[PDB]
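Since the structure of chain A is provided, determine the placement of chain B on it from the hints.
This is what each chain is made of:
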Amino acid sequence: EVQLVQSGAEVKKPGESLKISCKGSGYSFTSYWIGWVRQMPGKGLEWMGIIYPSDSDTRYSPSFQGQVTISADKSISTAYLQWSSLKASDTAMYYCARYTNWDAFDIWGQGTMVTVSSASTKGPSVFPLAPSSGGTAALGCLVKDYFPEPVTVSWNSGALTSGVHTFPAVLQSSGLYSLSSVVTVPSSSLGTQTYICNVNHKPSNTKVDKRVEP
Amino acid sequence: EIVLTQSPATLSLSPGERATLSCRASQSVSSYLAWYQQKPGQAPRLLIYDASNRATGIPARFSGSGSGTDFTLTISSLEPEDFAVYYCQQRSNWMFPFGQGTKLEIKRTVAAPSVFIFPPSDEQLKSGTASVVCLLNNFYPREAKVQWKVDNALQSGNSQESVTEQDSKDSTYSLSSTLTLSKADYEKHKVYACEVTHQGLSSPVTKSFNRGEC
Numbered sequence: 001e002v003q004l005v006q007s008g009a010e011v012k013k014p015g016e017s018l019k020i021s022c023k024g025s026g027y028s029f030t031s032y033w034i035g036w037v038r039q040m041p042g043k044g045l046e047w048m049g050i051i052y053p054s055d056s057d058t059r060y061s062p063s064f065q066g067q068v069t070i071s072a073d074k075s076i077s078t079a080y081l082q083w084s085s086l087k088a089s090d091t092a093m094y095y096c097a098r099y100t101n102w103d104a105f106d107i108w109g110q111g112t113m114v115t116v117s118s119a120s121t122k123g124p125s126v127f128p129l130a131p132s133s134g135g136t137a138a139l140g141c142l143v144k145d146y147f148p149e150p151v152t153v154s155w156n157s158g159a160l161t162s163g164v165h166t167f168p169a170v171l172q173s174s175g176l177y178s179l180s181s182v183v184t185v186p187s188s189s190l191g192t193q194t195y196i197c198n199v200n201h202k203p204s205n206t207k208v209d210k211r212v213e214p
Numbered sequence: 001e002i003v004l005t006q007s008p009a010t011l012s013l014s015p016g017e018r019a020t021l022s023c024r025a026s027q028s029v030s031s032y033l034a035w036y037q038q039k040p041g042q043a044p045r046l047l048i049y050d051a052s053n054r055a056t057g058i059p060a061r062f063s064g065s066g067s068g069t070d071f072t073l074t075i076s077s078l079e080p081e082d083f084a085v086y087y088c089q090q091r092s093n094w095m096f097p098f099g100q101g102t103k104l105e106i107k108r109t110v111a112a113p114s115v116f117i118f119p120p121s122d123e124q125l126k127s128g129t130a131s132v133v134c135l136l137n138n139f140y141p142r143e144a145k146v147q148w149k150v151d152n153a154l155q156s157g158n159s160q161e162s163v164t165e166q167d168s169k170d171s172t173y174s175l176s177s178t179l180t181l182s183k184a185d186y187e188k189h190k191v192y193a194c195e196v197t198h199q200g201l202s203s204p205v206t207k208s209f210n211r212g213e214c
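Chains A and B supply the protein sequences, listed in that same order.
Everything in the first sequence is counted per the working numbering, starting at 1 for the first residue and increasing by one.
Everything in the second sequence is counted per the working numbering, starting at 1 for the first residue and increasing by one.
Chain A with its partners taken away, still in its complex shape:
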């Protein structure tokens, strides 16, 4: 099977150096160009550069020239992408892809997520979105100021799943993430039913169960 396998997710601070890898398998790595493509959160694909592993002939896009270094070790079928000084704007998914004489990227790596932020690891602060016409009420938890991703949220230990929406996290200007998880319930159940959001943040070993009362 022809494949490109990339190195794991990285979490860094601005100024730090970083080198990520792309390992080819099931084919003669030396014989095909390898391209690097960036995908910023919520954005499209941008070509960064390309390298021919045989002689390390490298070409960069003008937007990336002098900002990153693309290199390859053909002896171990591996291409690399490196930064000497990461920027917060380098936060993106990075893909490596095999280029062919059909002028196309026929095989792609699975992607390497790179998150760059001045923030250090930090558990979230969890606040209620308290329920206050109609037979439906909305309630939730605001999971604020944590880093890095991800957090998981369940309601009543997984017993409440219908009507739950947990929003994608948004990176705030502070470099910390925030999201809300909400649920719509019958307004008549507010006096009777207990609602608890279970929030887990594995990078900080934080777990919070927040009771949301009207």
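In case anyone wonders, no lab produced these hints; they're calculated from the structure.
Where a beta carbon is used, it is the ideal one built from N, C-alpha and C, also for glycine.
Watch out, some of these pointers could steer you wrong.
Okay, derived cross-link-like pairs now, DSS-like style, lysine-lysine, Cα gap no bigger than 30 Å in a straight line [said to hold, decoys possible]:
| no. | chain 1 | residue 1 | chain 2 | residue 2 |
| --- | --- | --- | --- | --- |
| 1 | B | 145 | A | 43 |
| 2 | B | 103 | A | 87 |
| 3 | A | 87 | B | 39 |
| 4 | B | 190 | A | 210 |
| 5 | B | 39 | A | 202 |
| 6 | A | 202 | B | 126 |
| 7 | A | 13 | A | 207 |
| 8 | A | 23 | B | 39 |
| 9 | A | 207 | A | 122 |
| 10 | A | 43 | B | 107 |
| 11 | A | 19 | A | 202 |
| 12 | B | 126 | A | 122 |
| 13 | A | 210 | B | 207 |
| 14 | A | 207 | B | 183 |
| 15 | A | 43 | B | 39 |
| 16 | B | 103 | A | 43 |
| 17 | A | 12 | B | 39 |
| 18 | A | 210 | B | 183 |
| 19 | A | 210 | B | 126 |
| 20 | B | 39 | A | 19 |
| 21 | A | 43 | B | 169 |
| 22 | B | 207 | B | 188 |
| 23 | B | 169 | A | 210 |
| 24 | B | 183 | A | 122 |
| 25 | B | 126 | A | 207 |
From the derived model, a few chain B residues whose C-beta atoms are all more than 12 Å from chain A [claimed, not checked]:
| no. | residue |
| --- | --- |
| 26 | 108 |
| 27 | 200 |
| 28 | 202 |
Below, chain B without anything else, positioned relative to chain A:
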């Protein structure tokens, strides 16, 4: 130096329907044009190479055509796995521009959002920050304008939105808009209002509260 313009930005159709996607190059070049598909949460993959050839393992329902500067991708009858983002790419000497992408999304009937507003919690206020959350639940199409008004004055630069991906069961979107203020600015004002404009509502709908009321 060429630009690839994809249209439409969002193509809304149902499984069983025929899809036609467009890619127009600003200049005509001799390199081969390719189409890529990126399913939610996955790496891109090659679909079509040299404008009309299906890549390995790509089903017969995908076809491509065009020449000069006008290219088209067609899916004869959509399957649920085809709802994804599609990008075109064509090399310009040593530069490799991609189109901005077309999102192929599930069309369903128009559904107005249910709108809820949540004041900041007293626990958050004690920490010096106030987050006011506005929830737009289960609406279609995705396009929605959310405007914050504090004492009937329009706000700008102090809010962030997050939108869910299209629900796998009912094909609607949900959206959160969070207004962030310092505790001192929050307590200087009285009326907090979230105004929603959406195709499913005959007029914009506002949800509001007067600070410090039960």
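Evaluated hints:
The straight-line distance between the Cα atoms of residue 145 of chain B and residue 43 of chain A is roughly 20 Å, inside the 30 Å bound, and the hint therefore holds. For the hint pairing residue 103 of chain B with residue 87 of chain A, the CA-to-CA distance comes to about 29 Å; that is within 30 Å, so the pair holds. Proposed proximity of residue 87 of chain A and residue 39 of chain B is supported: the alpha carbons are some 28 Å apart, at most 30 Å. Our distance criterion of 30 Å between C-alpha atoms is met by residue 190 of chain B and residue 210 of chain A, whose separation comes to about 28 Å.
Straight-line distance between C-alpha atoms of residue 39 of chain B and residue 202 of chain A comes to about 27 Å, which keeps the hinted pair within the 30 Å bound. Annotation: proposed proximity of residue 202 of chain A to residue 126 of chain B holds, straight-line Cα distance about 27 Å (limit 30 Å). Restraint check for residue 13 of chain A and residue 207 of chain A: the C-alpha separation of about 25 Å stays at or below 30 Å, so the hint holds. Restraint check for residue 23 of chain A and residue 39 of chain B: the C-alpha separation of about 23 Å stays at or below 30 Å, so the hint holds.
The straight-line distance between the Cα atoms of residue 207 of chain A and residue 122 of chain A is roughly 12 Å, inside the 30 Å bound, and the hint therefore holds. Our distance criterion of 30 Å between C-alpha atoms is met by residue 43 of chain A and residue 107 of chain B, whose separation comes to about 22 Å. For the suggested pair residue 19 of chain A and residue 202 of chain A, the alpha carbons sit about 25 Å apart, so the restraint of at most 30 Å is met. Using a Cα cut-off of 30 Å, the hinted pair residue 126 of chain B and residue 122 of chain A holds, with the two alpha carbons roughly 20 Å apart.
Note on residue 210 of chain A and residue 207 of chain B: the hinted pairing holds, with a Cα-Cα distance of about 25 Å set against a maximum of 30 Å. Among the hinted pairs, residue 207 of chain A with residue 183 of chain B is consistent with the structure: their alpha-carbon atoms are about 27 Å apart, no more than 30 Å. As the CA atoms of residue 43 of chain A and residue 39 of chain B are separated by approximately 14 Å, the hinted pair is consistent with the 30 Å bound. The straight-line distance between the Cα atoms of residue 103 of chain B and residue 43 of chain A is roughly 12 Å, inside the 30 Å bound, and the hint therefore holds.
Among the hinted pairs, residue 12 of chain A with residue 39 of chain B is consistent with the structure: their alpha-carbon atoms are about 27 Å apart, no more than 30 Å. Between the alpha carbons of residue 210 of chain A and residue 183 of chain B the distance comes to roughly 22 Å, so the proposed pair stays at or under 30 Å and holds. For the given pair, residue 210 of chain A sits about 17 Å from residue 126 of chain B by alpha-carbon distance, which is consistent with the 30 Å threshold. Pair hint residue 39 of chain B plus residue 19 of chain A holds up; C-alpha atoms about 27 Å apart against a cutoff of 30 Å.
Distance check on the hinted pair: residue 43 of chain A and residue 169 of chain B sit about 26 Å apart at the alpha-carbon level, within 30 Å; holds. With a C-alpha separation of about 20 Å, the suggested pair residue 207 of chain B and residue 188 of chain B falls inside the 30 Å cut-off, and the hint holds. Restraint check for residue 169 of chain B and residue 210 of chain A: the C-alpha separation of about 28 Å stays at or below 30 Å, so the hint holds. At roughly 22 Å between alpha-carbon atoms, residue 183 of chain B and residue 122 of chain A fall within 30 Å of each other, so this suggested pair holds.
The straight-line distance between the Cα atoms of residue 126 of chain B and residue 207 of chain A is roughly 22 Å, inside the 30 Å bound, and the hint therefore holds. Consistency note on residue 108 of chain B: stated as away from chain A, and its beta-carbon is indeed over 12 Å from all of that chain's, at 17 Å minimum. Every C-beta of chain A lies more than 12 Å from that of residue 200 of chain B, the closest at about 17 Å, which supports listing it as non-interface. At roughly 17 Å, the least C-beta separation between residue 202 of chain B and chain A is larger than 12 Å, which holds for a residue marked as non-interface.
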